[PDB]
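Here the structure is laid out as structure tokens; the discussion comes afterwards.
One protein chain omitted, others in place.
Letters A, B and C mark the chains in the order given here, with residues in each chain numbered from 1 onward.
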Amino acid sequence: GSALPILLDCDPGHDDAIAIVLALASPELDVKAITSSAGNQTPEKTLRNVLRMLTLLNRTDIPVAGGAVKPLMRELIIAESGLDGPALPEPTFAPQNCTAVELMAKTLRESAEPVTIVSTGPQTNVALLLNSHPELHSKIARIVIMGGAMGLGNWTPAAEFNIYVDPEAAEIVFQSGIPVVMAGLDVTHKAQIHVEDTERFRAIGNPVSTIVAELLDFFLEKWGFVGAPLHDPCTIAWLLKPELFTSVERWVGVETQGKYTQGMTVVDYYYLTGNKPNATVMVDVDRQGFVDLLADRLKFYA
Amino acid sequence: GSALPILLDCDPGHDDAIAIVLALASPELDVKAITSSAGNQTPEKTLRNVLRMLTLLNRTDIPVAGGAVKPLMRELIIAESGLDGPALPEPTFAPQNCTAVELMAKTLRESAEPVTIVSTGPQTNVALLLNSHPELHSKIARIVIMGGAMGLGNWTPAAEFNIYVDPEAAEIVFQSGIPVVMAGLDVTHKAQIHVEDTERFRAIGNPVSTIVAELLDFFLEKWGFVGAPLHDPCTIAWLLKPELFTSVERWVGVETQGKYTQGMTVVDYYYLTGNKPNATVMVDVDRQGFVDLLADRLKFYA
Amino acid sequence: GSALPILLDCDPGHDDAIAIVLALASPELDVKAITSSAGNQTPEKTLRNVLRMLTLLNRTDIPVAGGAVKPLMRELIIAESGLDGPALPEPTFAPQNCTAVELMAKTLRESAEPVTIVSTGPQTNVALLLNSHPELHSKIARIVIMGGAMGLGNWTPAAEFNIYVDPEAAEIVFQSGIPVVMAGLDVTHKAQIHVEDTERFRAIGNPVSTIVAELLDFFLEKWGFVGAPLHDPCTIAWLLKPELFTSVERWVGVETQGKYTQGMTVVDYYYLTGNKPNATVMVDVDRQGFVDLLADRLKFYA
Partner (left out) sequence: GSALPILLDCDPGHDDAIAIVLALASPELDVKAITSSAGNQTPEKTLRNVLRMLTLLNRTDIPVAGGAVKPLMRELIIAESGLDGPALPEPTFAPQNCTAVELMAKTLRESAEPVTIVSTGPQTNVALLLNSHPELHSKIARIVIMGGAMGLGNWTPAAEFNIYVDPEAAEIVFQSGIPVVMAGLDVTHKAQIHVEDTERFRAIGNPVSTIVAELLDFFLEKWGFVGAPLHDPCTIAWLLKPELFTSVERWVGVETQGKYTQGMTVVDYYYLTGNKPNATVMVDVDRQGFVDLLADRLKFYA
């Protein structure tokens, strides 16, 4: 029958690109559209990068649209192409002549079943969709994000990059009443790709496994990591094999006003507030299992 | 030739309704659509009220769409129909099968010239349009709002109602780079309709002038007002006869974080900041001239 | 209140252009869109001509779309710009990024009341609308055409030009079950503009009355006419002042198969068939009254 319908919103970005690769190697998922957010790079670059990845993967049938050019209430800060390392093809196809929100809305309207949204850059497009289309909330099964940290941030002391870029958009997502699943730094810093794992991917032997290895190569070349955290593919991996993860439901609030804490995801892990949980927070992963999943799925491109 | 194209976004609301009446009596203006915001009443009620007013005025040709159901990042607070007083007709037509933002976007796309947006409730729809359609900013001539106060607020000590309902949306408007014109309480509290003026409107003698009088009657039945301030029609009046007003260009910022000041419009009247002006702020009005304008235009419905 | 909503489909064409002028000088009518058919000239030229006329008339607010590039089942035959004579402005605006049928459909969907279609070239676009949008038939009040002849044709012995170009499309219109009103050659050959009438239009003295005179000049420079028949404006004139015309309801069939009669409108004037009437056929006009109407309306452009 039909697969699980998903909308992927992202800002490639090496790990976003690997998330695309993993999703497209997974027949359990039906990627309905890919839209670009601005974060890792400027909106022109993230859009171009989605197109190049879909060109590489011979999935020009998936509609693409460029999203918001900046955060809701803040100027854009960025992380020279945004996908440096491998030689990638020029796009062989054009994005749709609409915005990301328009393409997401069209998908939700057209759909006969609730759609899962996966957003692995700043939450700007997702927030705009939620606020502008209250009539389509019933068509959203859940929103699976890469962003936030119960613990320390990777951009400012308290904040992870994606949330920091657009804290207001993230807060809108968490306040929306739609189930939210969060792959924060607590899980992604455990999802490390060691040099031996990149070697393993390279040894798979096909052009896509090679490109994935090259993407991983370039990024790697105080945190105390053995290998590089591979953040965005944790969202897709969780959809495919949730048994690889430990996840808890807690209340999460995004700080938008603090002097020293803008963009922090405040997670009420110990039930200190009266707040009902609004998110599933990933807190652990079987790292070898995660690597095994990526390696197995890369055989799709043989 | 063609008139000045406008998009009217509002939350009727007695003064919003009078603003509709004034706009539709003015051949210099071409009202392209009317959309409803939530503020004065719930979104179902403000939508119904737009429809009832257009039914009354025999302008069922103007497309109508309901907007956002709540503020961007806040729960809705409201000011039992929202237009109490006169007996109004049930709607004879349906709203468009799209959202307010969709209808605004379609208008801007279709337009051969920049369109003036007039927004007299909370700025929620306008902000969603600005953020979701960066490609359409060049199609927006200016945004004329009723909201804010250089001086004291009418809802909280520092904040006027429309801005207070959605401070984030108002801030997005003021930060947008599109010319903004503000009819705040500084001007609207001067735009008082005295009992003698309502008598004058009633003496015009047609069904619409009568309804306007009834709307004014009901609202009237510490501020030190002689008559009731008629806020929202100041936006339309400024478009028709700017010579009735004194306006200055200053920097305006909307407070979104303060303990005691959320929703305040902070106006740098005395050039104390380094900030370049982003708004035209109305600070005075020829009150009798404003009343004369309304009375003259009401003859349209003879 | 609101005016009579119309969709104008045409192939300018000097008389089509004069029909546009007359319609836009008439506040009783609300021209919702103008679309171009191919007939008098190629589809690129008729589209350009609509745009030039709307530019001249300062009505760039009326949306324009190009229609079908050829007849349904036949190659295009045409009557070097298609509006030769006057110097006309280059367009200052673009057509909509949709087809004529799409623009007509959007209009009908958006409308709160049945819309009158006026089609003064071949019926190609109208037929495509009727067949492709059966759900919108209830939104069409009537279809007013310029085309056909109860008597002799002006293109082949039995056929008038517009019907001859696309007989199948015309037959679809007449078979549609929507009220059809026909300004055929029986009426239009009586609607002659004499040299003295063109002088009168020229003496009105404004740039548009001058252009109309120039259009009439050029066309004029066996039929036994005193002046040139002004065909297409008879449709608009009938909407404005039906009392200027004598019209009868009869059955009309369009010949699509005959050896010698393709494109003939067969009118059962004497009730010789069992067929129920499907059209209002204009058979007479008060010519001076028609000229008076045009001259009076041209004062609009003073």
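Everything that follows uses one rule, which is that contacts are C-beta pairs under 8 Å (C-beta built on N, C-alpha and C of every residue); 3 or more make two chains touch, one makes a residue touch a chain.
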Which displayed chains the unshown chain touches: A, C
Identified contact with the non-displayed chain, of A:84, A:110 or A:249: A:110
Residue, one of C:58, C:131, C:138 or C:273, that touches the chain absent here: C:131
Which residue of C:175, C:192, C:246 or C:261 touches the chain not shown here: C:175
Missing-partner contacts on chain A, residue numbers: 1-3, 5, 30, 57-61, 63, 92-94, 96, 110-113
Residues of chain C in contact with the chain not shown: 68-70, 72-73, 99, 101, 124, 128, 131-135, 168, 171-172, 175, 256-257
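Keep this in mind: only the chains that are shown with their structure count from here on.
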Equivalent interface positions on chain B and chain C, same or different at half: same
Chain B-chain C separation of Cα centroids, rounded to whole Å: 42
Intercentroid distance (Cα basis), chain C paired with chain A, Å: 56
